[PDB]
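One structure below.
So, chain A:
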Amino acid sequence: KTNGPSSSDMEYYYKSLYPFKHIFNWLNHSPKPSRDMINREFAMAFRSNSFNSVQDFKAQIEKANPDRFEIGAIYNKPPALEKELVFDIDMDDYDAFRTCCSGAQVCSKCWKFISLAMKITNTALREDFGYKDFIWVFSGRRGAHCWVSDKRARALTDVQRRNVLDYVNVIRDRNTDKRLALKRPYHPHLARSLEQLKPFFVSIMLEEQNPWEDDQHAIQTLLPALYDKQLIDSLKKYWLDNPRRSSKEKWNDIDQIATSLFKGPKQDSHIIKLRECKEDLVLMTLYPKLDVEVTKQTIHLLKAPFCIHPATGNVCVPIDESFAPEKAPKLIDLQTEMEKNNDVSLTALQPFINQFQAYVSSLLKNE
Partner candidate 1 sequence: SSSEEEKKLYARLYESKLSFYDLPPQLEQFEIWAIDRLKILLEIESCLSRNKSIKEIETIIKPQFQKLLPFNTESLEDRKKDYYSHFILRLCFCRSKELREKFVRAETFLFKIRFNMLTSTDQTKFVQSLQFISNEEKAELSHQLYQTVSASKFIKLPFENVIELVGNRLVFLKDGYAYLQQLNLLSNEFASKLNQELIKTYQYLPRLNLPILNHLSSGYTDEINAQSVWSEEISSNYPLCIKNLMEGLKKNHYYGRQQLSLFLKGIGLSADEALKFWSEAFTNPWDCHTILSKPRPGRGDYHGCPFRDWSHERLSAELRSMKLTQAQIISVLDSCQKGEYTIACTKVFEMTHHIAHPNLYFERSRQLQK
Partner candidate 2 sequence: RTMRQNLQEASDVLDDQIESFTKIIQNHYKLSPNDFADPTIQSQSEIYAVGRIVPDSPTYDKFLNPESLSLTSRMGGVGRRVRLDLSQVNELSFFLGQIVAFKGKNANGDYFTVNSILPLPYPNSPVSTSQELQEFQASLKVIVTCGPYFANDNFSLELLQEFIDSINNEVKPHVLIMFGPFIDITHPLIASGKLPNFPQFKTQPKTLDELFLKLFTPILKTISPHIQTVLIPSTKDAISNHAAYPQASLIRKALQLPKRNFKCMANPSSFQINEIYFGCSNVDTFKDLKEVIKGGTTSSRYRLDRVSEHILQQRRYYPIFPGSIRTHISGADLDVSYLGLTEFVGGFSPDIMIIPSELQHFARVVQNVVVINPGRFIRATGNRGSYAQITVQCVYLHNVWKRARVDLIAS
Partner candidate 3 sequence: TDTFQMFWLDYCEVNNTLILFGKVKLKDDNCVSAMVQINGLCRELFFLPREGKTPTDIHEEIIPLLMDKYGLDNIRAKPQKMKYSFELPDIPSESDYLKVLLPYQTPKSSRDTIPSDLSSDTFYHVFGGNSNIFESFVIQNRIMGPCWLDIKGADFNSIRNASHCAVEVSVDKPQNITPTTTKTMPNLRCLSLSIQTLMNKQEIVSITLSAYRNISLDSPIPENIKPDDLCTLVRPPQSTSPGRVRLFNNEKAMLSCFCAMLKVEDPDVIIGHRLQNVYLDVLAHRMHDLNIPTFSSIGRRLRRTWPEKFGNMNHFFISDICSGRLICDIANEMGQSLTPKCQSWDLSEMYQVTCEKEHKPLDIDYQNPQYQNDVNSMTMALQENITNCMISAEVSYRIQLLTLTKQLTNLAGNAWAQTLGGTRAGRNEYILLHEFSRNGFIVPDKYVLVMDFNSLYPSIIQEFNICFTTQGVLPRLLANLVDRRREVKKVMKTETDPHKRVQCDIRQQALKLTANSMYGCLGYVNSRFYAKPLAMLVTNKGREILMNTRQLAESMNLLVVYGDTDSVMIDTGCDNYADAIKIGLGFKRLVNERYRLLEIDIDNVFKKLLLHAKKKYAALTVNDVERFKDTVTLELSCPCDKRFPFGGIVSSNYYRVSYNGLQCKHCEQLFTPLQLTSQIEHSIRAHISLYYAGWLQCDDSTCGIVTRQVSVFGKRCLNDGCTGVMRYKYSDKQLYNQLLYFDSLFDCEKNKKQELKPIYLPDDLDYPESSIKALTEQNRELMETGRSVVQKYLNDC
């Protein structure tokens, strides 16, 4: 049991490592302290608020020594008017489709679910909403938080936030024991998302995760995606007679058995319907599975970038295209680097601070 960071490790982290100036400049939307910071809510979670300057923010967090803090709305008075539009994505809703990790483990293989979720959400935020100023942040374990800082995104009402969420949240029913039966024809966003996800389905789902090699798991999550009972009963019999066929073999058996069953002038309707079921299953397995609550209301609190995760010791760092959870620096490793070189600029944290600074510099230019 790798114990999480001690209280003294958190004191050291806030004293010497946490990028208070960059987080303040991000949330203040200006080089000069403003009401975007003075009237911003912070919540502190302890092992058992609002700030006027970088110095006040640092001194209050150092004095309080919280295990984390969470960023809220800008208010009309010092602690809702504005807040960054936020999305949260965790691995939990992908647990039924991964074999490389169990329970609360993560690796570069299942991280591809989060990478695809970020890619599809980014496509919608950029191309459909016209947003420019967003950043992804590692949740410190097995998820990622998006922060959309465009002025138009900050000023969204709860009704508009709900409409943005309902546009991106295609998979509303997360139950894998049932066919999604998505609306046809697909909305342009959903059609585009399918074409972006299709190239990854064979390599991730059929080969790297191979979740349906297990015949009970194939009965529980592959068969319920099909529309036809005679096809389901025929596949179930065929896999009972021929156990432990790979996900790739079972994927082809679906088409072979369907072609044997559906003959004559109605066959084309069954072929179209089977293709639609396979497409709905590509989306069920790989499409973004957002936490819906954090996005809906302007007042929702979300964990600050660069917080420490209390169980893993990982820093909640900004994400680039190369990111995997094993690249997130741990507080204990950063302390060991600081013992050799008593300067944060010489630690594994500095590249992530530089990435975040470049983002904040772009945002302030757009503002």
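Quick note on selection: all candidates are chains of the complex that A comes from, given by their letters.
Methods note: contacts are C-beta pairs under 8 Å (C-beta built on N, C-alpha and C of every residue); 3 or more make two chains touch, one makes a residue touch a chain; residues count from 1.
This complex places chain A in touch with one candidate out of 1, 2 or 3, and it is 1. Across the interface of their complex, candidate 1 is touched by residues 127-131, 152, 156, 159-160, 162-164, 166-167, 183, 185-189, 191 of chain A.
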